[PDB]
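There are 2 protein chains.
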Amino acid sequence: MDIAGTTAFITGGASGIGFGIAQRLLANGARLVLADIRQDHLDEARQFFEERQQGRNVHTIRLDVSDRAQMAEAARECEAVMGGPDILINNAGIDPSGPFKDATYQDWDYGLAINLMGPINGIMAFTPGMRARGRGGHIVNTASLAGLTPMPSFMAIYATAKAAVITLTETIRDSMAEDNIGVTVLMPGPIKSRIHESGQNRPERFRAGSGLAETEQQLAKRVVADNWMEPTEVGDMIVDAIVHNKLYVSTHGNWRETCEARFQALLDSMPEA
Amino acid sequence: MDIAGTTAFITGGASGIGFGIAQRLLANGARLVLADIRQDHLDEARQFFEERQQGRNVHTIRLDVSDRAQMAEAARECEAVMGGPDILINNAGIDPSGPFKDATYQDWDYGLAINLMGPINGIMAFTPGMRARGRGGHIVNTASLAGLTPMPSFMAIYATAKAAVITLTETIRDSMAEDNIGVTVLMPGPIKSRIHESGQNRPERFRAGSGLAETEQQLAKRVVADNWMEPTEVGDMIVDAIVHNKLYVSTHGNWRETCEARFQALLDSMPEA
Ligand SMILES: NC(=O)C1=CN([C@@H]2O[C@H](COP(=O)(O)OP(=O)(O)OC[C@H]3O[C@@H](n4cnc5c(N)ncnc54)[C@H](O)[C@@H]3O)[C@@H](O)[C@H]2O)C=CC1
Ligand SMILES: NC(=O)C1=CN([C@@H]2O[C@H](COP(=O)(O)OP(=O)(O)OC[C@H]3O[C@@H](n4cnc5c(N)ncnc54)[C@H](O)[C@@H]3O)[C@@H](O)[C@H]2O)C=CC1
Ligand SMILES: COc1cc([C@H](O)[C@@H](CO)Oc2ccccc2OC)ccc1O
Ligand SMILES: [Mg+2]
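Just so you know, the protein sequences line up as chains A and B, in that order.
Mapping the first sequence onto this note's numbering, position 118 (from 1) lands on 132, and the numbers just tick up by one.
Mapping the second sequence onto this note's numbering, position 209 (from 1) lands on 223, and the numbers just tick up by one.
In isolation and in its complexed conformation, chain A is listed as follows:
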């Protein structure tokens, strides 16, 4: 679908990959709603586009994607202020990783709430309107290659949710197709971003009784490598996927062989038909 003249609603749109996607959709003629739990991120993002005199084409909403009431309100606000959206980017996510034995129910609930229920809430809150307006659209869900290649127990909560997001995206494709809505699941490798600030981004209700505060502290000090990919490069991949209705977008090929070995082991478990 053509991006010119559309409105895109982007969760986690005020940092990292979501912001990279925002820049590139804007550059291709979309107007933007950036939805984010971090007010300081939102302010920074707003100032960025204002410095380039694009502030008119950008709206910001502070919310938690795991709050269904806020998501319903945001769908109404998007339509009322910016129109649509035609393009739904369910991109917000956090890193709930840590020693597996230390993880508590609060950590599981947190990890699944943001990284799996966030995209589901986006679909449930926004796609009824996307269907009803009858001008098609597109959905991008940001999963991870960690949802595909074998991962260690330290990243169990993350990997589990991201694998579910890949399958979610695959399965909804034919339903969304009924109303000319395409879908893409984005599976990145290492991208420069601020996901190391995940501890700050954890919603209040998931903090008490967490077992992973110490890991979140260490994560906060992690240096962003200069050889990680730029968010705007990922943005261009998403422009391409939206224009050409591509189901899968992977940013890196470094886990091709590890994925192949996993896939082989799965096939090998199958008897002869």
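It is possible that part of the hints are untrue.
One copy or two, either will do: identical chains are not told apart, so a pair holds if it fits within one copy or between any two.
Below, simulated EDC-like cross-link-like pairs (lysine to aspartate or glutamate); rule was C-alpha separation at most 16 Å, straight line [claimed, not checked]:
| no. | residue 1 | residue 2 |
| --- | --- | --- |
| 1 | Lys260 | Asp282 |
| 2 | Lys115 | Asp193 |
| 3 | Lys260 | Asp16 |
| 4 | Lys260 | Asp81 |
| 5 | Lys206 | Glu244 |
| 6 | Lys115 | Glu87 |
| 7 | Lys115 | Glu244 |
| 8 | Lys235 | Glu93 |
| 9 | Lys115 | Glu192 |
| 10 | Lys115 | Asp188 |
| 11 | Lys206 | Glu247 |
| 12 | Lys115 | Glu274 |
| 13 | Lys235 | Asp282 |
Derived from the structure by calculation, the hints contain no laboratory data.
With chain A fixed as given, assemble chain B with the ligands onto it according to the hints.
The following block gives chain B with the ligands in isolation, referenced to the frame of chain A:
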């Protein structure tokens, strides 16, 4: 691991695949705790083993695997009444399928609660004791080939949860291995069972506001095909998986080519590293 003398805790153990696993584990010397939400299933299972003069080695607990308090209770009751468990079979599941546009938040919450949080609750409630007792053990999670092969939107909630269970099992392997606990994900194709009674098995709190009551009513009328696999055949596959610590068990080969096509599409999305 050696099955003789162990205790196996089996969710959904009073019907279908779980009951097939129950029979073959008992045949190989395990004692059983069958945990199930359906009292009539539990009573039938009880009579079956009583008629075969094995009742002393089978204890039944009525519970909902998505109730964490009940699962904590079950871990205490299992240990106190039958010992252990050494073998944890997170097998309970339901069919939340239906026209995708009809599904509501209640249907998502139901489907994920039972099919994804059920196994997680099992791991969280039972594996600390399994580590502590220091005699090793094994975990079997029942996913589905629907978590692997591409599925239509009618089965979105089911597929999404089952894909997650596969990845969950992969990721916990190294942690569990620290304490000589092996893990297996079971991925069945069509097995003779009573999963068509899923409407009856939906916990009360997920009933009001569901959009799929009509689908559940149709499902209840579905005839179990004679050429579907016997649960006891699946049971023997699981005996082998526990004895030999096999990560993957698939019961059918019918989706080899559709999985291959999916895997190839995933790999094709990856650039040259
Ligand atoms: N190496 C990487 O950066 C990779 C990132 N991903 C995924 O990319 C997505 C975007 O993350 P990044 O750009 O890397 O990090 P980021 O932290 O720079 O951007 C994420 C934004 O989402 C926001 N956010 C977090 N929780 C939220 C919530 N509950 N509600 C609303 N907004 C929330 C954050 O405040 C942040 O502004 C995530 O889903 C992440 O899992 C996947 C693969 C690789
Ligand atoms: N063709 C098949 O039968 C296939 C089954 N599966 C999976 O096999 C597993 C076992 O299901 P089946 O043996 O087929 O059906 P089943 O309905 O005969 O057995 C499942 C048992 O789990 C119980 N149960 C349901 N919800 C529960 C809950 N919240 N708490 C405690 N117990 C609960 C049921 O009462 C039932 O006795 C499920 O996870 C299912 O998704 C996967 C692929 C294929
Ligand atoms: C760069 O920050 C992170 C990035 C991820 C990503 O989802 C993925 C990158 O695709 O992490 C991995 C994926 C595949 C293999 C190894 C990965 O890192 C451990 C997870 C957690 C993070 O803190
Ligand atoms: Mg009780």
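To see whether the hints hold, each was checked on the structure:
1. For a Cα distance limit of 16 Å, the shortest separation of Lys260 from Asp282 across copies, 12 Å, qualifies, whereas the shortest one inside one copy, 29 Å, does not.
2. For the identical chains of this complex, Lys115 and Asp193 are inter-copy neighbours only, at 11 Å across copies versus 45 Å inside a copy, given an alpha-carbon limit of 16 Å.
3. With identical chains, the CA atoms of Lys260 and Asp16 are at most 16 Å apart within one copy only, with a shortest distance of 14 Å there and 49 Å across copies.
4. Taking identical chains as interchangeable, the C-alpha atoms of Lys260 and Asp81 are never at most 16 Å apart, the minima being 29 Å within one chain and 40 Å between chains.
5. Within a single copy, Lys206 and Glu244 get their C-alpha atoms as close as 6 Å, which meets the 16 Å cut-off; across copies the closest is 51 Å, which misses it.
6. In this assembly of identical chains, the alpha carbons of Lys115 and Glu87 never lie at most 16 Å apart, being 38 Å within a copy and 20 Å across copies at closest.
7. For the homomeric pair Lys115 and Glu244, neither the shortest alpha-carbon distance inside one copy (34 Å) nor that between copies (37 Å) is at most 16 Å.
8. In this homomeric assembly, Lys235 and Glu93 never come within 16 Å of each other (Cα to Cα): the closest approach is 39 Å inside a single copy and 43 Å across copies.
9. In this assembly of identical chains, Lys115 and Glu192 lie within 16 Å of each other by CA distance solely across copies; the values are 11 Å between and 44 Å within a copy.
10. Proximity of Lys115 to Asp188 under the C-alpha cut-off of 16 Å is restricted to the inter-copy arrangement: shortest distance 11 Å between copies versus 39 Å within a copy.
11. In this assembly of identical chains, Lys206 and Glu247 lie within 16 Å of each other by CA distance solely inside one copy; the values are 11 Å within and 50 Å between copies.
12. In this homomeric assembly, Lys115 and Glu274 never come within 16 Å of each other (Cα to Cα): the closest approach is 29 Å inside a single copy and 35 Å across copies.
13. For a Cα distance limit of 16 Å, the shortest separation of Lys235 from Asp282 qualifies neither inside one copy, at 42 Å, nor across copies, at 35 Å.
Violation of the numbered hints given earlier is confined to hints 4, 6, 7, 8, 12, 13; the remaining hints are satisfied by the structure.
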